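A.B. asks: Using the sequences and the hints, build the whole thing.
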Amino acid sequence: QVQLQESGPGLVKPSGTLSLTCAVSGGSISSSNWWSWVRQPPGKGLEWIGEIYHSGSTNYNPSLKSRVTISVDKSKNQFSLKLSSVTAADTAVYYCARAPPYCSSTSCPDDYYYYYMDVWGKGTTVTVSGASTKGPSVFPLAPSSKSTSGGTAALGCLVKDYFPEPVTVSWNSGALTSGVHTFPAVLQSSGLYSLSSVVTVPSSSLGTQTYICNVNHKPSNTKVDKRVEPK
Amino acid sequence: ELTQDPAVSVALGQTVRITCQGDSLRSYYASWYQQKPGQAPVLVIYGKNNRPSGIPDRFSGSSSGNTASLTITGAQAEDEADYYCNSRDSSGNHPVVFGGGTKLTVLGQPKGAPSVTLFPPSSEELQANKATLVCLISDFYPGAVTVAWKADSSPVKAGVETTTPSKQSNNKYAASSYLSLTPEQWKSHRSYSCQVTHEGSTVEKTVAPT
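Residue numbers (our numbering), protein chains in the order written: chain X, 126 to 356; chain D, -9 to 200.
Be careful, since some hints might not be right.
Footprint (simulated), chain X over chain D, 3 or more residues, beta carbon under 8 angstroms [as the list claims (entries may be wrong)]: (1) 9 to 19; (2) 42 to 50; (3) 81 to 89; (4) 97 to 105; (5) 112 to 118; (6) 172 to 178.
Honestly, the hints are just simulated from the structure, not real lab data.
We put the CB at the ideal spot given by N, CA and C, even for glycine.
C.D. replies: As structure tokens, then:
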């Protein structure tokens, strides 16, 4: 109840079946709530998919009713999502959330006509594509102090040619957070993604401190820890 | 189906009213969400005029008949985001419907020149018989920019990949451009240049093989 987390394939071939699961931690699935699924295609709005009760009753979006099935696994404190006959228009970021109970009648107390979703997951990216998963190649970007302020330098990591989205970057196992700027990816003409992550550090530390970028690419189950040293 | 305005603008310190219209709103209350680029939606209004903890009281909600309104009194820069209304349908088995969204622009924010950083290819990539030039652009406002590449003193135009501007956490914008070359091309020229132009002014950074 306190936290929800999605987990899925990341890539689905056309006409395949999207399969997702939301693990509920900190609370029980048998609560009087409607466990919901929401998606948002790239550059578009929010779209409600469906919901399920802890007894198994469901309610679906009429435009997706013919392709969706939402289940609840009381033995694992989870609820899942299935979406078949996928196409390119099903590429989106999918969220699991929790909605309150309500009344469809006309004589309930006032607090039964609200609707909202106050507990959300972190979301997961699913891209419907016929291409294959490609892990990243990480190269260091040696320090440069010309574009920064007095007594600082800029060093970074280049994450080249991966598919699909996304990748996350951290520095020194999260111990280095000030001055970090990860830029959004570029879609190269080859269909592969690439981005860079730069961090600003004191130029007086370039010879004494170790700088390592931690690149994580979940769709390929790959993690790289690249050391960045001066020229 | 709930209807919103696709774009609304407000000046710093003034009041704005975002409307949400739908026949279902006669039966169920309307909730509101705020979403900034690259983040998940955040609940700001449960319904009526009830807000979660952490939401500043400059946000307020109301509804009457078939319409609902989110009101932001005294808009600040951190209120620049998208806003979605959300409720429950009144027909059938009551599915959940969303509004199309409203992109809220805040006027009067300060301008800013782009900060440019250009990295040459690394020794590891060259040894792998590849070469990438990385031009990183950040902190420019407004979010329009043009990037041009130069081999020595000549335009190249081939092998260039540039991203569209995206909004940073400080409402300024960032972008990046990549030039892919062969190791032979990198060593057969004396320099390459990344030229970034913004609001009529240009910043030029140059790298050289060494």
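A.B. asks: Does each hint hold? Answer for all of them.
C.D. replies: Hints, one by one, checked against the model:
1. Check on the segment 9 to 19 of chain D: 3 of its residues sit with their Cβ under 8 angstroms from a Cβ of chain X, so the three-residue criterion for coverage holds.
2. With 1 residues having a beta carbon nearer than 8 angstroms to a beta carbon of chain X, the segment 42 to 50 of chain D misses the requirement of three or more and the stated coverage is violated.
3. Only residues whose C-beta sits within less than 8 angstroms of a C-beta in chain X count toward coverage, and the segment 81 to 89 of chain D has 8 of them, enough to reach three; the restraint holds.
4. Check result for the segment 97 to 105 of chain D against chain X: violated, 1 residues qualifying (beta carbon to beta carbon below 8 angstroms, three or more required).
5. For the segment 112 to 118 of chain D, the proposed coverage by chain X is satisfied: 3 residues have a C-beta within less than 8 angstroms of a C-beta in that chain, meeting the threshold of three.
6. Evaluation of the coverage hint for the segment 172 to 178 of chain D: breached, as 0 residues show C-beta separations to chain X shorter than 8 angstroms, against a requirement of three.
Consistency note: the structure conflicts with the earlier hints numbered 2, 4 and 6.
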